[PDB]
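Shown next as structure tokens: one chain only, the form deposited without the ligand.
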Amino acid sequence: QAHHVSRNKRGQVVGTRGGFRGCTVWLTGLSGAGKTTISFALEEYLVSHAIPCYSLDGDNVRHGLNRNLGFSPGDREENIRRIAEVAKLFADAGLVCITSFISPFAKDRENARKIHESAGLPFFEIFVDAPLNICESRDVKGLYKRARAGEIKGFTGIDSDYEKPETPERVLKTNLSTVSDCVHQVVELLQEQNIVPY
């Protein structure tokens, strides 16, 4: 062990609310299912309620920490591994960490879970669940049309699998309710787990 200030000591100074509330909210689901959106609205809820948080997504990860990674199966596995480890470092610093990666394979998700659990840090797996056709009609970034046209391969939902989370902590049905309803589902969980005040 390296000698550091304890998690419980860190709990006094992080944010106003006392207590160690570090953890990772791990959003998973199809491209366009609603991860970036839910993550933004959660981040807003958290900041508005004075709970320090940080979001890892493609914007701060992919052209930095993971800029030396491409799309081979081994590289995508490394992608998620690195993400999971850093998320764990943010949980351990006492921040609420929100990740928003399609993270299709149970193996990688369950591995993310395991490193948090090993460290005694809460991990909430959140299935951001919409049907593929609905995601494909949103085509937020034009990836589906590129993937269909063969300009991208290995694109989850088209020529690689999304493996539905078996026991996620919440399922957000994003084609059947509002952003606000979906967020509220995550917020309730954080309440029930004492991360976020009533």
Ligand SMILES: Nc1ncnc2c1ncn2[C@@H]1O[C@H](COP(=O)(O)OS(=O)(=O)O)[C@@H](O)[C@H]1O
Contents of the next structure:
Number of protein chains: 2
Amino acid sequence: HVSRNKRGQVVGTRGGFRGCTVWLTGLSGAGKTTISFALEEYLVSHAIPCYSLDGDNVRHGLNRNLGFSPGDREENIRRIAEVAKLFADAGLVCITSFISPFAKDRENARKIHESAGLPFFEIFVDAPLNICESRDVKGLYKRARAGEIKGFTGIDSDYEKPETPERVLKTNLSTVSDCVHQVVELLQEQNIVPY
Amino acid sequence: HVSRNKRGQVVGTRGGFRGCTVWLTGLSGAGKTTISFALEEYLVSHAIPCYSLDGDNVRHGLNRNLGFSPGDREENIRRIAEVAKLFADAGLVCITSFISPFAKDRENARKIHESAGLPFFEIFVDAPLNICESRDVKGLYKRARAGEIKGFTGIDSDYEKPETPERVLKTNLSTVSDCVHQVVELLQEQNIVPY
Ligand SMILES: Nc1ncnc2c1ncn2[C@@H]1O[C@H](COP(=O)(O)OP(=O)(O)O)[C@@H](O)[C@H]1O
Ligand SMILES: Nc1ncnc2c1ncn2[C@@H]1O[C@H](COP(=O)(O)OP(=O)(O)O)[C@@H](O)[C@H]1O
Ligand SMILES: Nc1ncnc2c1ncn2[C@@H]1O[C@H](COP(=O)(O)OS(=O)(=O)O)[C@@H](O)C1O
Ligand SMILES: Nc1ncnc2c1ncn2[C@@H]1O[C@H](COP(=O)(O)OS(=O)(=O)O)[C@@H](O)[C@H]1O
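Next block, the form deposited with the ligand bound, ref. the form deposited without the ligand:
Zooming out: every chain and molecule, the one shown earlier first.
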């Protein structure tokens, strides 16, 4: 195939190979989707080609045959990681917004990127469970409490807090714009995004 | 998310939204890999960001848990189609080089692109089986004849020749450059590649 260095010439304007994955992780309703969109607008506004993977374009498409059992969440996250690696390798900034509950799966995603020489930035989107449940963006928390959903992350299945993420976004203690700026700063420090 | 039309400005220096999938189909050794590489080179050399999906980057990753039974080749091609659609939606020209033996799965790939308003070009890379077997690029035909591979398309499983492909490339009757030109011409007529 054509090399990353050639792809760096034609992907976008700025030149340079800037493929990587921004990997958002955290509780349902903690803010992954919001941050991923606002990051995406920042990136396009600054002429860095990017793409957002989330449940909307993954879960009822590539992964529509997956549910929420531990084996299925692990396949979900495995397939996502492989596809993300393909977008990073194509030279885009790939932003993922899956709860991705289990440390093991996140570290496997990272390993698949590192083996391929692609930067992987794990971003802990950290809000308290009670705050996520009070946001109840989609009404899942109220259904899970009522027993209509089981295996629901945060209530009757575990979220394993990232021990060593590249950034922690405290979404109950700061604005969307501050959270984005924290990630952008990281991409600046890694020459992915111009100052 | 950010709109297709905004993302189209930012993916490359040629303006305009050029996301689409060039879907190559045909027998092992018919010439999919060769055409896809030369097409990728044409696009990158003309400053159009593109990406190639093939067995090398899909089958031992995303689709590493899939084999060659008819159901597995059908799941293989479905997942492939969904990811291709994701690259088209990001604004890249996505080139796939899977044998993809079954018409039903190919037409499902098309439908998944068309439903999303993304161009899908099915490209029949057509050489006679005997010619493919004489090329035996990777030694698959000699292994299949010896019974070490089963279900090997063309020998003990069917290839269903495309009835309405957008182009037919007779790779035994013309050069790589003529065949590529047939595809490039199609992309010009489809406003994917400027005149
Ligand atoms: N700093 C912040 N980051 C992300 N979301 C925030 C923040 N502050 C408030 N919110 C609100 O919390 C909700 C986050 O939900 P969502 O982004 O759908 O979460 P997730 O994708 O992790 O399920 C949104 O309604 C958003 O407006
Ligand atoms: N017009 C043509 N188009 C494509 N390949 C050709 C052509 N003429 C000769 N070939 C040769 O045919 C072989 C096809 O191998 P490959 O492209 O790997 O097939 P596939 O990807 O379909 O398995 C290559 O060695 C290539 O050089
Ligand atoms: N039994 C088989 N039939 C066809 N291809 C096989 C078989 N076993 C292994 N392969 C291989 O299939 C790879 C391509 O398969 P695709 O993944 O292109 O097949 S498809 O039928 O699911 O679209 C070849 O590179 C290759 O060697
Ligand atoms: N049982 C559940 N556990 C966690 N999330 C669920 C569950 N059921 C539905 N969902 C949800 O489905 C989406 C979460 O999907 P993912 O982010 O893909 O989860 S993950 O664990 O496999 O990484 C959210 O809409 C969401 O709250």
